[PDB]
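What follows is a set of notes on a single structure, which appears directly below.
It is the complex with one fewer protein chain than it really has, and the rest are unchanged in position.
Per-chain residue numbering starts at 1, and chain names A, B and C are given in the order in which the chains are listed.
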């Protein structure tokens, strides 16, 4: 409906920026079709230039993931999804129109179809499609549907979409996608082939794939009128209100629940299908107020890892030190969230006047609007001298990840995070919990250089005062060489007052 | 005849230059009407502007000279003189058309008469005229003729002529006439009143008027066909050829003449009126060749004076030194000539990089064409260092007069002298005979400054060596002041070895 | 056959060896420098140590070994060993450096170079009614021809016997000294007449303040008008460019400003004429120095000040020669005597 005249809002303002979009829509999805079901992903991304006059490109993603159950092919690409059906397990992917928008933008400016292929896990054959859409009455028209033979143990999903854009205007920004996705996802193997003929291959550096996210029952404090209704008219049997308040939400035991019925003032053994418009609300109120629930369980969440981080940003920056940290999970408006954080320092990192900041929301990089970010604040607000840093210019990198089922975004889909206080505080501390580590390694660097500074100078000065002080003893030219040594080593040891080392430098 | 279509040749090229001409024609004449008959002249020169639209002026000269015998008034202004009847006494005034041309130019562009007045020496009344001319048949028409009473002891000649010219274009050049005529003629009193209303009065500075020039018999070596004829048909009696060859030319005694008759081969006692066209020539040949005559006597010439020069250019430049020189007379093509020369130096004369050169031919200044002059050559050619001059810039002025009855002019009436060799050499030397008076004075300047240079320093040095040398004599403190003086003055005199002076400076 | 000399060559060692020795291997020691301890266990201070405890032993050894070391002779012990550490530096690099290490020791001990025997480089004549034993001789300072005795850079082992004078007169210009001397000043007005020769040396000093201190003799000194002359003086009552063995309360005797110009109280010594031509006019690079000293804590004290700005004010100075060119008689039996008895000088 809306995207028709107001394009820029979901991320398709102009030819160029749209290319970038479509690319980060396909990857986004292709991963969530592998690493969430426990397979080491092998994505391949090729963009082609098939017409010069009109500037038309062909974005193409090929994975080794599960794929679509054949019959649901049309109802995935052609059908326009009104809303973003309330979320119950962590996923990649902003809005509620996602991959659908791409195909829609494709039928507005060019006249070529959308080549698709899938083959489920343990599949017989390869089912091929080639789809176009009817925009007026929301329903996809099949241009072609067929199937061939599968050369064993194959499963995947190949999507090929053609759009008009501007390669050169968005080149340097796309490359940042691949690159930065690679870092926090080293359990993957990526290949990218640009319209020019430039190949790029980033190889899997391990295979410790993290725990995936688990779907979970809705939580009381974060649901209202609209939902409750659809939980009810989506049922199969005759639940009473009791059952319904317990076996359908997080956090509601026998005695824990009964008291909610005391509040909203409802009979306990009453049919559910019999609830007026007002009775409901009188409930959703007491939901909002009730004091002591438990925490919105975070088994619906998923984390990078206090190590894949390390590896990730080690095998690409090659610093002199690295460290990371994954916090315990906090809670916001009926939903859980965790903050991860890391920093890398020195080595190969470019010397500049200010630190580099990589932002991460739900296992995906954020590129645009880094300037209006709740994060870009904290890490520029932070006083870097109270943590070691002496110099004007320095090489530091900072990684801040934020994930939940309910990410607060600041403006109308503009790729940066909102200034939710309770969040901002767990974002801070997290940085501090690393910053006071980086300071550690760079406090043992001045230490390690301080020894070799003294212990070096002394080896030059303890023979001289040695001889000198010996001449003072015996005046006669015989003890010269005897008194000498019996206080050279005497001196030497009086030095292991401060630091202990036996060193021969020759 | 000729001046009608070829104007520029006798000096009337254009409106402006003609003004200058007419002015120097009237002065020229008015002088030769006084200083040659022995009266201290009082010329007055006024130019007036009587019409703005057409640019018409009124040149006016008024003297105290003799004037015209009344009846010869018309035959002086109206009649057009073919030739310049061979000259026999020095005069001012180039061509043979002179003052006549002025009146002729006046009847070509404007319609007003020529007011004239005269009154001879010891005259009864004042005869007034007002003349115009008939150009076609050469004869003057009298418009008005009358006479009034003379207020005693008056004699003069007032000429008033109107012409068209350009005052501003020729102003700065006319003023140079008066000025420069003033210099070499200080026995005169001039007043000039320009059309604007500017008066100038230059006062008589003495009255030693020079000897005037004397008329004298033609000289053989410088006469030919044309003349001989007119000497003959201008006679009164029956001269024989003898008489005629003697009592009619310079240089021809009894025995001196007879031999000319041996050459041309002529009978001696033959009537003169009986000479064929060829007989004559056979004579004029032997004239041209005959070796030893005498010199063309210079009693027909007239000089400025080795003093009126001095005064002239002293009372107007006020230098620190002056000198002049009048040479003995030399001879050129049957005519005589003398060169006068002078120089002034220092004082008030303007400091510039080059000397100022005033030229003088027959007691009249030459202004135009100073660059193509036989004089401007010599005095730029001359090496001014072999005569004192040390400096780059200096104040020197140089006056060179040339006079004869036969002045060789270089081009068709263009106001500068011709490079006749025998002349150029007497012009040189003449400058040398002054120039080496300059070296003299500037050799007694270093001398006069050299004394006051020594004799000054010594007065300081003869008391000291005096005392000193006295202490050496008597060691005892009594002779100090006695030995002192008896060798101070002793010393002092030993100095009048070189230069003698008694000087007290306090 | 050495005597009062083999005195010191002993009080040197024993009252030294002990002080520099610290060994005391109980706990880690350091030296104390009163003018500030120097911990061998520092960094900035580490090298400063081996330098002292070297240039020291070098002294103590050359000391019992009957040598007579000059300061430079000692500088030339920079680099004392073969290289033990292949840094793939020097002990000391510039005489200036070595010197300071001296002065430091010099304090730690209480003994001045000249007492440790380091004999330096001592020039300054002397002459007068005075008799000393030096080493093994007694040489009388009256009987000296036109010459004059020249002190020994160790002027502390030098015994007085018979004296005969009432003041010591310290003149700065050797040339004028030869003048005062060949008339006989020091005999006429019984005195001892000594010259430095310009900047006073490190021990033509000691001699003076020993005359002044052990014999109770008052010390008048004289130099040029300029700020130069005020300096000479300065040194003489402390010791070149900021121990307590230089003489304060010395006395400045002319040439004074008023010496050349007078006061409404007191007649001037030069004719008005001679002045116009003997005075050398003040360059501005001079008026600096004056304004620098007019500030020194030991001029600031007195109405020494008075005679400073009077100069800052007349921009003028003269050379001592000038005055003397008036002719010894005057310089001898007028200037000094007059000034001295007259109380014309500063104190």
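Everything below uses one rule, namely that a contact is a pair of C-beta atoms (placed from the backbone, for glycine too) under 8 Å apart; a residue touches a chain by one contact, two chains touch by 3 or more.
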item: Contact with the hidden chain (one of C:33, C:41 or C:197); value: C:197
item: Identified contact with the non-displayed chain, of C:22, C:100 or C:120; value: C:120
item: Missing-chain contacts mapped onto subunit B; value: 454, 456-461, 463-465, 467-469, 471-473, 475, 487, 490, 494, 497-498, 505-506
item: Those residues of subunit C which, in the complete complex, touch the missing chain; value: 62, 65, 67-68, 70-79, 90, 119-123, 125, 132-137, 139, 143-154, 158, 173-176, 178-179, 182-183, 197, 276-278, 319, 321-322, 324-325, 327-329
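Convention: only the chains that are shown with their structure count from here on.
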item: Gap in Å, rounded to a whole number, between the CA centres of subunit C and subunit A; value: 83
item: Inter-centroid spacing, subunit C versus subunit B (mean Cα positions, whole Å); value: 96
item: Whole-Å gap separating subunit A and subunit B, where each centre is the average of the chain's CA atoms; value: 119
item: Interface hub residues of subunit B, defined as touching at least two other chains; value: none
item: Residues of subunit C engaged with two or more neighbouring chains; value: none
